[PDB]
Structure formats: C-alpha cells, structure tokens
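Just the one chain here, the form deposited in one PDB entry, laid out as structure tokens.
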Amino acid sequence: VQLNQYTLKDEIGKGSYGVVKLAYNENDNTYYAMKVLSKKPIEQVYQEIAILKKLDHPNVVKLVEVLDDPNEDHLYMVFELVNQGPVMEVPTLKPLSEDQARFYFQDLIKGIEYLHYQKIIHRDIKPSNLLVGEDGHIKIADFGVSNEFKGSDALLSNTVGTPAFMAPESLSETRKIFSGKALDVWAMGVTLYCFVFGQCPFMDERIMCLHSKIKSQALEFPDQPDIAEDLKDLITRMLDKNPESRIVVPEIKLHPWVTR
C-alpha cells in the first residue's frame, strides 16, 4: 500500500475514529503514524485538524501532514511516531508503581495545562491516549472529540468520549450545561486510578448502571495494592462528583503527592 511517498504497513492503534497504521516515508526513510479515515458528520475531522495545527508542545502529538484527494474516499493524517505506544492497557494485573505513575502523571499535567491555556478541552483523557515516546515521556493523542473555546472556560452540553471516563455532570439526561476544564480533571483522576490499580473505579457491563455508578457510587479503594494516603487524597479530590468543588489543575500541580 503506497500513498504518495508513504508506504502503509500494519495497524498499531484504533482511535475514536479511523485506524492508525505504521507508515514508512520513502523520501526521508522514516516511520510515521498514519490515521486512516473513510467518509461516514465529516465536519468534525477538520475541526480536529484545525486543533492539531495549533498545538506545539512536547507532551502533545505532532501532526505532520494531511493527505486529502477529493476523488478517493480515504483521508490520511500523518503524525510523528510515538514508538512505545500506550502507557498501559486497561484492565491489567500489572499496574504501575506509584513512582512510575507519578512520573507519567507529571507529563499529563503539563500537557493538559498547555491544552487548557491554548483553550482546548480534550474530552477523551485515558491511558490508551497517553503514548510513550522515545525518551520515556507521555504525549497526549486523539483530539477527535475535543472542544475549542473562547474565554476562560468551555460551556458544554454534549456527551462524548469513553463511557468509563465520563464525568458525572456530563451524564444528566436533561441536556444541562457544564464546564469543560473540570471534565478533563475528572478523566485525569480516573486515569490516575487506572495507573496504580490496573482497572477503572466504576465498572459495569450495563451502560445504565455504569452511568448510575459514575453519578452516585462513592469512590472505593481496593485493599490491594495499599497506596499512600496522599495519593488517595489526590484521587478523591479529582473524583469529587461536584465539579464546583473538584480540584483544579493549578492545585493538582501543588499537591503533596505530586511534588513528592
């Protein structure tokens, strides 16, 4: 499979939309990641590309070029490869150590904080969108459902992303308005829980009960592995079900587990 100067190889990931394939560029003799999309509405992909074109940061993926012929049904986004892949698979029986989780969480904070400064709400923070680069650091991937905003926060009404990671205030069925920065914080908390426990804090195979637990089940910590109380404190604050009192990113940065 050859698309201009690129040679498509095997699938390496499957995102919110198309697939990602390893691609080899014959010009410069280099591997890239290629998101492959087929027109199935189509507006949102060019919102994604616009957001991508604006982002230049070491903890965010780098869009290299877009291949769009008006005649072929497929559309290609070329990203710089992030070779080690997702930071972890969820669920797992081998979660990260606290020191590992701290290391990666620190990257996650700097990226989210950059995104929020650039006025992007990511809306799909989770371990499989956190890719480990050549140097061992995290890069945030997949802006397929992200939101851009004007002013100091986003004022959202739609429900998107991955169910297990959706903040409770995005799950009223009366179409209410909710702010966007707190949605990313919630997902960071579910993510940090996954790092150290290897599974999600709210699991159910019936979607109705997964929503019910997210909205109404008190956060429970497993006996094993026994984690530090300050890490418990931080997760508890990020998974505060009330977005008004949920911890903000400038406070997360100062948290004693984080600076430890």
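Residue numbers count along the first chain shown, from 1. Superpose the two forms; the largest set of C-alphas matching within 1.5 Å is the rigid core. Compared with the form deposited in another entry:
In the core-aligned comparison between these two forms, the C-alpha of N83 is the only one from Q118, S97, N83, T92 that shifts by 2 Å or more. After superposing the rigid core, the Cα of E251 is displaced by less than 2 Å between these two forms.
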Contents of the next structure:
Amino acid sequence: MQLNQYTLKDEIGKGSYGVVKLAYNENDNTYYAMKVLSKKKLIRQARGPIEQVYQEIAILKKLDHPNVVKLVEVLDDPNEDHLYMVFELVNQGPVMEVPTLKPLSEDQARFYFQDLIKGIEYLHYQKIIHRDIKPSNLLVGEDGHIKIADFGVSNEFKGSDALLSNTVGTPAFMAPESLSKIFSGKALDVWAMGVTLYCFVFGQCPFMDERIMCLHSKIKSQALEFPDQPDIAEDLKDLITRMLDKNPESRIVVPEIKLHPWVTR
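Form deposited in one PDB entry done, so how does the form deposited in another entry look?
Partners and other molecules have been left off, which leaves just the chain.
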C-alpha cells in the first residue's frame, strides 16, 4: 500500500491502540514506524481512546529529548477513517518483555533506569505527568538508549505539580493513593518507575492478580516482598522500597533518586 511518500509494509507491533507497520520513505530512503489507527474502531472501543490518540499527537508535537520517542509526521484527513502517525524507527522489542524468566542484570537495569530518570525529569520539567510508565512503553533506540512512548493518558499542568483525582493507566502500575482524594502527579510517575524497576530485575510485577479488584487490594495492602532469586544488591532493594512506599507523602522524589547510592555508584 502507498501513502504519500510512504510504502506501507508488514505489521511490526502494536500501540495501546492501533497497529504499527513498517513504512519506507521514498524521499530519504529511510524506514519509519507508522502507527495506523481507525477512528471508527477507537470510537467503538470507548478520556476515551480517540481522545487519548489526539492528546498524544498534541503532546509529542511539543517535545524534543533524546529519551522521548520522536513523532516525525501525522497524516490525518478529517473525512477519512484512518489516521497515520510516523515515528523514528527504534528496536522492535522494548526495554524488556514482562513476565520473563530472563530479567535484566543489575548493570543493564541501572543503565536503562538512568535514561528513564532523565526522560521523566524532562517531562516533569516540561509540566507533563506521563501516567503510563511501564516497560512496554520504554522503547530502545539505535543509540541503545530508552525512548519513552505512549502519552495517551498524560496530564499537563500549570504550576509546580499536577493535583489529580482520576484513576487512569495500567492497573498493575497504578499507585495505591489513586485506588482508594487529591494526589500528586509526580508521585504517581515515581511509583510506576518503581514497579518498572522491580520488573527490570525480577521479570515480574510486584503486585499481581487476574482479578482487577484483588490486584487493586494488593497494591493498597500487600506488603512489598522480594523473591529469594535472583539475589539483588541491598542498595537496589532499598531504592525500590522507597519508590514503592504506599504513602505518597514519604515516597522518594526524583531529585532524591538521583542521589541514591545505587544510582550514583
């Protein structure tokens, strides 16, 4: 299929909505990742899915950082059902697959976690709360560095932080204060970064249940416990415990994560 200067090829992946296809650009002889979305399918899937897509378009047009995925072009005719989002091509796999029997080593987890810190610090500096941080939304670029993706449920704010009351995101990564109020958006992202880091070294989420009610009660009430294997350093366990503090008041903040001994060694 030909679309403007692009030759559409096979399906290579999926977004939270839409399919990703390989797209050859005839003008610069470079390949791109093209996310193909049906407006009709987004409407039937119902901030609903179509509002999530247009939020992401609006956020990604304003951002420029080495740890944020690059949106190159949007093809959207208002009288056509399909809209196309063209991104810089990255690795086919994300930072890691979850659940996995082969989790990251501690050096690799530190390297990717340092990228995640830089990316989240930039987003927070740009007044954006991501709200869906997880390994499958952490792409890996040609440079070998993390590129944050999926801005569909993000929130922009004016002032020092976002003071929010709604529950959005991926259930396994949602902070306990959002499942029981007004709460800090930055601390929600810190909790999800904690669930992500736990996933990097254990290959599984810290709180898991097939039943969404039970998953939520575990996030709110199950004390954090580390598996016996793999053995991980005490400083890493200490950092994860502080990021997965159920009380957002006492949860570690990003400036403090940057001075944590596991991060600085």
